[PDB]
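Missing here is one protein chain; the remaining ones are kept as they sit in the complex.
Chain nomenclature is as follows: A, B, C, D and E, assigned in order of appearance, with residue numbering initiated at 1 for each chain independently.
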Amino acid sequence: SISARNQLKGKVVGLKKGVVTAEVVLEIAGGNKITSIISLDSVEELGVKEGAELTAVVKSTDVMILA
Amino acid sequence: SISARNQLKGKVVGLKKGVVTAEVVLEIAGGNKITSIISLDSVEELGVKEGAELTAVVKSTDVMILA
Amino acid sequence: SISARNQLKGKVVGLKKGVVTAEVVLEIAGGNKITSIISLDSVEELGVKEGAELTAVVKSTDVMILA
Amino acid sequence: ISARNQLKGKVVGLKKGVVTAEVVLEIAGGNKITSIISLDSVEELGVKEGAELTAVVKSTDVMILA
Amino acid sequence: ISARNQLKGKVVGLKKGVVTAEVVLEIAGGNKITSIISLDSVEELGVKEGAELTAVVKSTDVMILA
Partner (left out) sequence: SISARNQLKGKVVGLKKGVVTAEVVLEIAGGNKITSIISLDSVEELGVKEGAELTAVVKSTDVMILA
């Protein structure tokens, strides 16, 4: 119910922990890949792991268009 | 060749022009929908129209994770 | 259950609808005013109105420090 | 500045990485604000625990949860 | 402020919508900067053509093209 209009359901296939940030790579429907860099705290708090089923969220105003 | 790690190839199915911004809705592979709000200038300059084939770009650091 | 680490509860004191986006000002702890600019579409589906209790959400990576 | 979200608080956490850094400020009512910025900024503004600072956020970066 | 991108320029365009507004500043070397902010900010900072202002951008929002 949050306004972010892009919610892409997917599966974690890559995970890399840094000191402050984290990188979560999801395999989503149709064969596309989504790359997320978020805080390492949210990554540990949400219990993300390779194979977990997750949703990638993106606010519309953060989406560019390439012709 | 730009760093934005999320490039989702798709087809414009919705277009709405505002005064300063624009909303471009793409149908992408696998049946997902992407919603873009960008400037109405880039929308007119790139020549976006319903049915055009476009790529949605999203910088990794703008992607959240929902468990 | 989203990685976005900042989630500030409040009540809607401001609502302005545009053509593509819309403005939502929430009053949070301490009378602090939070202003959110989102899609017109999102406000309508989330049924936002003056007095509604909603939560404002911000990804850490959008949060700057002013000294 | 144009960013309309400016919240005053007290540094209650600071995590320094290699490129970025986390600052956790406690603002009015016990809410905590998490900010990830550049290490460079954390060295230059003078950020440390106990310090009073303001969290700034651009409106268009704020989502709404119903 | 922590945002490390602060470019000084002169307002050469201003477009007012209902909720947001476009400001186009000309900075050093003829480059133009496009910024979409809240109408509210455009009314309060005092933005108009000819005015000198600074464009601010957070590092983590800047992409790189090779």
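Operating definition for what follows: a residue touches a chain if its C-beta (ideal position, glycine included) is under 8 Å from a C-beta of that chain, and two chains touch if they have at least 3 such contacts.
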* Sort through E:18, E:19, E:23 or E:39 and give me the one touching the missing partner chain. => E:23
* Footprint left on subunit A by the chain that the document does not show -> 16-19, 21-23, 35, 37, 61-62, 64-67
* Asked: Of the residues in subunit B, which ones touch the absent chain?
  -> 1-3, 5, 36-39, 41-43, 46, 57, 59-61
* Structure fact -> Contacts from subunit D to the absent chain lie at residues 1-3, 17-20, 38, 40, 58, 60-61
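The working rule: only the chains that are shown with their structure count from here on.
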* Structure fact -> Distance in whole angstrom between the CA centres of subunit A and subunit C is 22
* **Cα-centroid distance, subunit B relative to subunit D, in whole angstrom** => 30
* To do: Indicate the residues of subunit A shared as contacts by at least two other chains.
  => 1-5, 21, 36-39, 41-43, 46, 57, 59-61
